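Asker: The residues making up each chain are set out below.
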Amino acid sequence: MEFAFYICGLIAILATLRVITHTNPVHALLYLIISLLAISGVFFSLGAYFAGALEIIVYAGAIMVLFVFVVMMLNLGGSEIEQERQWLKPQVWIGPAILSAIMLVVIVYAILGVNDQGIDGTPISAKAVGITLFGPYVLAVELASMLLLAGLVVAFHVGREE
Amino acid sequence: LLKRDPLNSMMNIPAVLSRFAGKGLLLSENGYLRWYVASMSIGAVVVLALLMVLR
Amino acid sequence: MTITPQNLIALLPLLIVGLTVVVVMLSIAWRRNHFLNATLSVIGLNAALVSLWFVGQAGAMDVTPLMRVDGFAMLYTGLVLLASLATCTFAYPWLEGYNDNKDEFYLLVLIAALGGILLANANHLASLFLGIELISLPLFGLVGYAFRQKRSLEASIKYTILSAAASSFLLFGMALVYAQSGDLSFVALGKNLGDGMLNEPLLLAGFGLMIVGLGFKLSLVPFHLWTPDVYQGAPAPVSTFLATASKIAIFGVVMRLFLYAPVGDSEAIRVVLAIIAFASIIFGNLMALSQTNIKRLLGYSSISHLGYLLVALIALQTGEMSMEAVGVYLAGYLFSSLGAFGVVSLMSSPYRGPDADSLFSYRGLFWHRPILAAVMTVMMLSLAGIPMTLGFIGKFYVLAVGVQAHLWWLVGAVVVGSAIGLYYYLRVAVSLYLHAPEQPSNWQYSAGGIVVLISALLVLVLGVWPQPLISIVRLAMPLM
Amino acid sequence: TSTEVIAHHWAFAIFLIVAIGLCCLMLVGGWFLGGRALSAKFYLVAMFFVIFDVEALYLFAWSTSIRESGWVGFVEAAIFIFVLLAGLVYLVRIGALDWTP
Amino acid sequence: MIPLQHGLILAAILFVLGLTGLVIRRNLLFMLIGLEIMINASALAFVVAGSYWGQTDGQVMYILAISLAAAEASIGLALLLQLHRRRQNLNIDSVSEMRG
Ligand SMILES: CCCCCCCCCCCCCCCCCC(=O)OC[C@H](COP(=O)(O)OCCN)OC(=O)CCCCCCCCCCCCCCCCC
Ligand SMILES: CCCCCCCCCCCCCCCCCC(=O)OC[C@H](COP(=O)(O)OCCN)OC(=O)CCCCCCCCCCCCCCCCC
Ligand SMILES: CCCCCCCCCCCCCCCCCC(=O)OC[C@H](COP(=O)(O)OCCN)OC(=O)CCCCCCCCCCCCCCCCC
Ligand SMILES: CCCCCCCCCCCCCCCCCC(=O)OC[C@H](COP(=O)(O)OCCN)OC(=O)CCCCCCCCCCCCCCCCC
Ligand SMILES: CCCCCCCCCCCCCCCCCCCC
Ligand SMILES: CCCCCCCCCCCCCCCCCCCC
Ligand SMILES: CCCCCCCCCCCCCCCCCCCC
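Residue numbers (the entry's author numbering), protein chains in the order written: chain J, 1 to 162; chain L, 559 to 613; chain N, 1 to 439, 445 to 485; chain A, 5 to 41, 64 to 127; chain K, 1 to 100.
Note that these hints are calculated values from the structure, not bench results.
Virtual Cβ for every residue (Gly too), placed ideally from N, Cα, C.
Treat the hints with care, since some could be wrong.
Sample of chain A residues lacking proximity to chain K, with all beta carbon distances greater than 10 angstroms (derived) [to be verified]: (1) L29; (2) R40; (3) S89; (4) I92; (5) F108; (6) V109; (7) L111; (8) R119.
Ranges between beta-carbon positions, derived for each pair [to be verified]: (9) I275(N) <-> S6(A): 54 to 60 angstroms; (10) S476(N) <-> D120(J): 50 to 56 angstroms; (11) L111(A) <-> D120(J): 36 to 42 angstroms; (12) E82(J) <-> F578(L): 41 to 47 angstroms; (13) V98(A) <-> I371(N): 50 to 56 angstroms; (14) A23(A) <-> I275(N): 54 to 60 angstroms; (15) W470(N) <-> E162(J): 51 to 57 angstroms; (16) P127(A) <-> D116(J): 57 to 63 angstroms; (17) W470(N) <-> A101(J): 53 to 59 angstroms; (18) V105(J) <-> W35(A): 43 to 49 angstroms.
Isolated chain J, as found in the complex:
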């Protein structure tokens, strides 16, 4: 449950690193699905069983399906950006890479030095998450329904064809 966490985290890191430096959209989405599977493995290693289940069900199984749908619908066959390949030119990526590395060192310095007795890994079931969800977080549930409704209305108004 520690070995699983470390291998799944390493797989997730390598997968998103190959996501952001790839040219084919379907390949990038495939590596993104692999990263989401690894992050669900991380969730299962920590005891968040409901979170890992929803990571495969919804994030890797609904939202990535929407991304794949859009990619195959727009039919990206190298529209002047695959043949250009500007993101792997050092003058384009060296700036944001150092900026993100500085942000990573600052955040990681903040992470260290915090007291830490360790994550126990005791499973927090979907039962307890459901109890909290419809107990002290009722308004979160109803207004999240309204949030998804807003997303539905916006995406219908913009994305329909006519």
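Starting from the structure of chain J, add chains L, N, A and K with the ligands where the hints point.
Answerer: Chains L, N, A and K with the ligands in isolation, oriented as in the chain J frame:
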């Protein structure tokens, strides 16, 4: 030598500096979304570094 | 904890707005009618105002672990509801010029108002995040409502990408704060610290990433560059709503977060917010200097005015009248922006199609729209902090708050930025009365004109006689 | 740390490993052996699926703890389901879910 | 026996990589992909924080996070489809008519 008011000019130079600084600051509004994201990340780095330095 | 009937009567504006969303949606599904669905939305918002009266008859109490209702919540709920009602009134003639479906506008306006009410009542990181998102996503729809027009689609794409990035930043900072502090309530962010150890590195870093998200949402430097683009490209009633209600609700929840959190009186966060306030005032006023576009000018204006408000926030843990100053200034800023963006909306209405230009052309407005020119110059004087206007009352409150707290750099920044504002605001107000070479008839356009005229009269009367507004804001006290 | 639990964990691991290895080995044997010689309604449907799947996950969390949530949880889930059904009726009536207009 | 620092550091690494992908990629689709990586990293951080404290609030925060991710992904892909239908080009630099 004073027929064109020198004190008025050395009191009008703050307006000149204001126009110059405004024109310089308007270069950041280039309309490019990737620069806007870059500016947000730069500001995030600056705010985090300031919080770590000041503590 | 559970929801009692007392918790239900406190929840009344949220319940009425949610029921209005459902009823308006069902009416849209039954038949697509512009007039009746606009009427249903505005009826729901007026019923939410009367519900705020009924909430005021009840007490101040914590309706959930998530929400807390007090006079603060009632005041900012009322501000959000007034901005939403004005947006609907401005939106009807502009949508009458529209060709496609014109009722999803009202659905998105109602959902954004629901998010504003949630941010007014938010006592939790949960409700803060959810209220920010409920503000943002209908605004993604509203900013790109005329997606066939190039500028509206571009503003939609920019606002959507940047708000998704800001919500990621805010969520990650919330997660780091929750990693440090085991509770997500506002009062518990820093309770498990003592003996001068308030400056925990992880709590500070999480609050910094939350500052990144909230400063995107409040157009604070250096998360401000989206503001003139999204303000110019969006539809004019959407510009009205994004200028007033979004900033008011988010700045209110920032008030409550920094009032309740024990880390809100951290010196490092105070210095960082002071830097952001100084830069926001100076940069917004300097960048509005050479603008021929009225909407970009009002965007940089919003940057500067939110900098003034942030100055009023910095003195929250030292002085006493910081909440009073923020309330008075927010009422004045609401009425000024409602009037100014309403004049811009009424002259851009009805919609001329995605191909035709939507330029304001404010020069020589007095010779064919005299009342609108008078309203716009009253707004331009109010946003400049001219005495006899309510914007001066807000500026006076900010200056008194800064002087009490010995924030001398911020006070000098307010003075310098106010002078620069005098330049560009008076340029617009006097270009209203020059001469231009060249370049309605329904009661909804007249209703929008009535709204901007009442805003002008409110600004003038409460600038001359600000005691009723000060008395109202003083009795809207949050839980100590 | 029960021996039944660790035995079932080993059995699950061996099941997944042997199954994926069986598929991969069968394709490897198939490859090695033998000699040689659009409409936007798809987006709309997938987007509706994503939205209704997240609202489904809310109901998934509710269903496993209905007795612990009591009647107040039933009331909250009834409001949730009514809002979801109102959105569904809206999508049906405006022609969003009509495949052949 | 997993430190909270390690889960938080992994989430920070994923957030940084997603932000790098959002900045350096000129295609709008890859910007949306980086946005998903960012918000998924934030939700992972919330789950790690909740699992350290032994509370259900981290998974509820994850649930709200992925509700936002789903809705904003649908909105972003609708805007992407509209941009492709209006311009036949997914260049985020070309959609820059509004400037200071
Ligand atoms: C080996 C080198 C690499 C080879 C190539 C990659 C192969 C996949 C490697 C990662 C996945 C497997 C990692 C090893 C898991 C072994 C099982 C294990 O560690 O179980 C412990 C724990 C059991 O639960 P618990 O009850 O808490 O245990 C304590 C005792 N009661 O377990 C748990 O709590 C949860 C266990 C993890 C969650 C299930 C598995 C997730 C799999 C994600 C795959 C992602 C995509 C991989 C793509 C590979 C190709 C690139
Ligand atoms: C006139 C000058 C300009 C004013 C501009 C104001 C803008 C914001 C509008 C909404 C403001 C609402 C502020 C409410 C603060 C209430 C604070 C409070 O605690 O009030 C308590 C009081 C009852 O007293 P008490 O006995 O203490 O009750 C508790 C005992 N259990 O309860 C009350 O007093 C109840 C208050 C009810 C408020 C209902 C408001 C209805 C809508 C009014 C709109 C006015 C028009 C403004 C715009 C014009 C068009 C542009
Ligand atoms: C561009 C124009 C605007 C310029 C920026 C705004 C003004 C900046 C003024 C800077 C003042 C620096 C003060 C330095 C000491 C501060 C700490 C201190 O000990 O203050 C003393 C005192 C508070 O201590 P206390 O124990 O309460 O004593 C009360 C009796 N004095 O303090 C007090 O009681 C109050 C102190 C008041 C200080 C003066 C405020 C009015 C300033 C007038 C205008 C600025 C100066 C003239 C113009 C310069 C050129 C533009
Ligand atoms: C002796 C020192 C101690 C006493 C100090 C007292 C300070 C307060 C009182 C004095 C204020 C002096 C202000 C001087 C500038 C006045 C504004 C001005 O000249 O406006 C006219 C000018 C427009 O005319 P034009 O040049 O044709 O326009 C080009 C653009 N189309 O406009 C422009 O070109 C743009 C104007 C920009 C905005 C106005 C300038 C603001 C500058 C900062 C104000 C605060 C100054 C603080 C002290 C500074 C140092 C003395
Ligand atoms: C009390 C309000 C003060 C600020 C508002 C100012 C506007 C007042 C009403 C309109 C006045 C119009 C004056 C136009 C004069 C044009 C003269 C042209 C020929 C010389
Ligand atoms: C580009 C625009 C720049 C505007 C700058 C405005 C500065 C105003 C003057 C600030 C003066 C601050 C004085 C602080 C004195 C503190 C003394 C503390 C004693 C313990
Ligand atoms: C334990 C037995 C309880 C029996 C009575 C149940 C009914 C009374 C309590 C109802 C509470 C309803 C709360 C609904 C909140 C909806 C919020 C919607 C926001 C948009």
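Asker: Please check whether the beta-carbon of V109(A) is more than 10 angstroms away from every beta-carbon in chain K.
Answerer: Its Cβ never comes within 10 angstroms of chain K, the nearest being 14 angstroms, so this holds.
Asker: Starting from the range 50 to 56 angstroms, see whether the pair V98(A) and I371(N) falls in it by beta-carbon distance.
Answerer: Once the Cβ atoms are compared, 53 angstroms apart, the range 50 to 56 angstroms for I371(N) and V98(A) holds.
Asker: Test the statement that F108(A) is away from the interface with chain K: the closest C-beta pair must be farther apart than 10 angstroms.
Answerer: Its Cβ never comes within 10 angstroms of chain K, the nearest being 18 angstroms, so this holds.
Asker: Mind checking the hinted window 57 to 63 angstroms against the Cβ distance between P127(A) and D116(J)?
Answerer: holds (59 angstroms)
Asker: If you check the beta carbons of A23(A) and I275(N), does the distance land in 54 to 60 angstroms?
Answerer: Holds, at about 58 angstroms.
Asker: Does the Cβ-Cβ separation between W470(N) and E162(J) fall within 51 to 57 angstroms?
Answerer: Roughly 53 angstroms apart at Cβ, these two residues keep to the hinted range, so it holds.
Asker: Is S89(A) truly not at the interface, in the sense that its beta carbon sits beyond 10 angstroms from all beta carbons of chain K?
Answerer: About 15 angstroms separates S89(A) from the closest Cβ of chain K, which puts it past 10 angstroms; holds.
Asker: Report holds if the minimum CB distance from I92(A) to chain K is greater than 10 angstroms, and violated otherwise.
Answerer: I92(A) clear of chain K: closest Cβ-Cβ about 17 angstroms, beyond 10 angstroms.
Asker: Are all beta-carbon distances from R40(A) to chain K longer than 10 angstroms?
Answerer: At roughly 38 angstroms from the nearest Cβ of chain K, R40(A) sits farther out than 10 angstroms, so the non-interface label holds.
Asker: Quick one: work out the minimum CB distance from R119(A) to chain K and report holds if it exceeds 10 angstroms, violated otherwise.
Answerer: holds (20 angstroms)
Asker: Determine whether the non-interface label on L111(A) survives the test: each CB of chain K must be over 10 angstroms from its CB.
Answerer: holds (18 angstroms)
Asker: Please test the hint of 41 to 47 angstroms on the beta carbon pair from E82(J) and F578(L).
Answerer: Given range 41 to 47 angstroms: holds, Cβ gap about 43 angstroms.
This entry satisfies every hint, going by the numbered hints stated previously.
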